[PDB]
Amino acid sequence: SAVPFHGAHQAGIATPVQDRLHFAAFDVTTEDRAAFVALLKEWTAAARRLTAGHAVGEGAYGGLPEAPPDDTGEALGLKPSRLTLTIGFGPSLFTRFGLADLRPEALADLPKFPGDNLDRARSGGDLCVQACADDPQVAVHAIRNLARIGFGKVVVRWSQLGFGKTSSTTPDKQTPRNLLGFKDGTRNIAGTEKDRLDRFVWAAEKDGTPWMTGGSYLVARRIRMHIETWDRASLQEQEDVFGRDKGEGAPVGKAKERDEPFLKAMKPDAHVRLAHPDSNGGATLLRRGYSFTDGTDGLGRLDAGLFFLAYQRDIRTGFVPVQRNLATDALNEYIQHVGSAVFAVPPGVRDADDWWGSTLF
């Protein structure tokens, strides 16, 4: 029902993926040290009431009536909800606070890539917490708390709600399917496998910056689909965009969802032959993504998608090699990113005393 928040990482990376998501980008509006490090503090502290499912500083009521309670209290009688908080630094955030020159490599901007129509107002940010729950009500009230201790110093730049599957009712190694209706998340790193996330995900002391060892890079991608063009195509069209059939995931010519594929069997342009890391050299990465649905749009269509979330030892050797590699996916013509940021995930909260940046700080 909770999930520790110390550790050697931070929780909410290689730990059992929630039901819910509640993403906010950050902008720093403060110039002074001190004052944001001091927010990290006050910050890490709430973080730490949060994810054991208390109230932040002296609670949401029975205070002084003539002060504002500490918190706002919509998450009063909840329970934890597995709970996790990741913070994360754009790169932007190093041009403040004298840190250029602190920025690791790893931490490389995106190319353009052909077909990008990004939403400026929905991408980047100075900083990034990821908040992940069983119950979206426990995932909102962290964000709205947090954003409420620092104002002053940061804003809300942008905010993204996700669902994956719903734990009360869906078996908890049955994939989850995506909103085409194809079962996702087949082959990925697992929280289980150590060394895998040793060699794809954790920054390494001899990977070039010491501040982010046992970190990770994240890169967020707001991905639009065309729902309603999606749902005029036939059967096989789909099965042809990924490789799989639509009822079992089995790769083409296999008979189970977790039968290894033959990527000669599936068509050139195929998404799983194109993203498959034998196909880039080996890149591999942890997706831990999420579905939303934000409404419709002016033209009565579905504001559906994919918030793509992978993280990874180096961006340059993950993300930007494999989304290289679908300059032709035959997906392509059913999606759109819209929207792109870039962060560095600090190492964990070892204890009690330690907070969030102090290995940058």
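Think of the rigid core as the biggest set of C-alphas that the two forms share within 1.5 Å after superposition. Positions refer to the first chain, counted from 1. Compared with the form deposited in another entry:
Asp172 is the only residue from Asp116, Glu248, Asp109, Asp172 whose Cα shifts by 2 Å or more between the two forms, the rigid core being superposed.
Core-superposed comparison between the two forms: the C-alpha position of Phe163 differs by no less than 2 Å.
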Contents of the next structure:
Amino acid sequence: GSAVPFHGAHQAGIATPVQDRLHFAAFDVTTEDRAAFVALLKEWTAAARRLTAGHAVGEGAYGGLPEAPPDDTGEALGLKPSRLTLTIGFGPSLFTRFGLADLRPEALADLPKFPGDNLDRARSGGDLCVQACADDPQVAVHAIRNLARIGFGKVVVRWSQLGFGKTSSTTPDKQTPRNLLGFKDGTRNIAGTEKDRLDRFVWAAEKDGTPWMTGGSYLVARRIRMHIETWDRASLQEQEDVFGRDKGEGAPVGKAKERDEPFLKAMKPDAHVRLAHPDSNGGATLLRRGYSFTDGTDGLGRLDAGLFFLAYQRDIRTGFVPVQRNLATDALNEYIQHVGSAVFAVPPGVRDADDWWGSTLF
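Mind sharing the form deposited in another entry? What's above is the form deposited in one PDB entry.
All you get below is the one chain by itself.
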């Protein structure tokens, strides 16, 4: 129920412990007025300060003038902060506006086409994103809804994704959640307490070449459908062979405990963990922070299910891209398909009550 501090050198919602629920929204910018967009960013930052503390935006949800719409839509009244974090990011397409072309970070790289990609352009891309994570889904939806309302006429929601449950962990002292394939997901990630690994693999540094991004990160989002019917037909041995870990304990093959270190040579050459491991990718390491989703049925008699994959890294070119390239032969590919994609530059944190989202860029 507690609040997560909004201010810091970094935005919350990255190294923060992973909350139960996600509402991810991608926005496109509809205004050409740089000043009006900067004003929006300040208004959004002010609202985010209220929302993450459990307060209503503006002058509140009721008690104002009867003839005016309330400033806050009111469905979070009486609710605790619920560890709400709000994380903003800027997509490549933003930098074609407002005279920003020369400020696009080199580390904000467009993703190549990958084998098997079946990307829906409507559920991909976006000028900017807001990742809302909280333990209460109503608190998360309330935040996105009120940011979008405040932004009416300056931004429109391009697409959004809800995650009903996490499939990641930044807290290895807590139980690792399972994805909808039934495997623990998050065992060998970067923990929020591992400051040295966050500096090396997650946070952008001044010497990296883009000063306004110092203290920020780069986000890759991949909407991944799972072929549940095919998976659920597979034998237990086939499933464990796909990953290189056993299903029950989640230990590396041959070992007894989840957090025992993998011995990669004991795994099949196309095992997911073997191909995605840093040792197999020149040391490339990611902070995974994804969530599960199900968006109804496929219309053909089956549940739809997937994983909304989110990875934070210091440089997309040295994080997601090499690892995903190495997954070209992944045995998992038989059971999944990437159907949505987006990359964002996540700016540094809001330092204090005078600062605002994107101040280092604008």
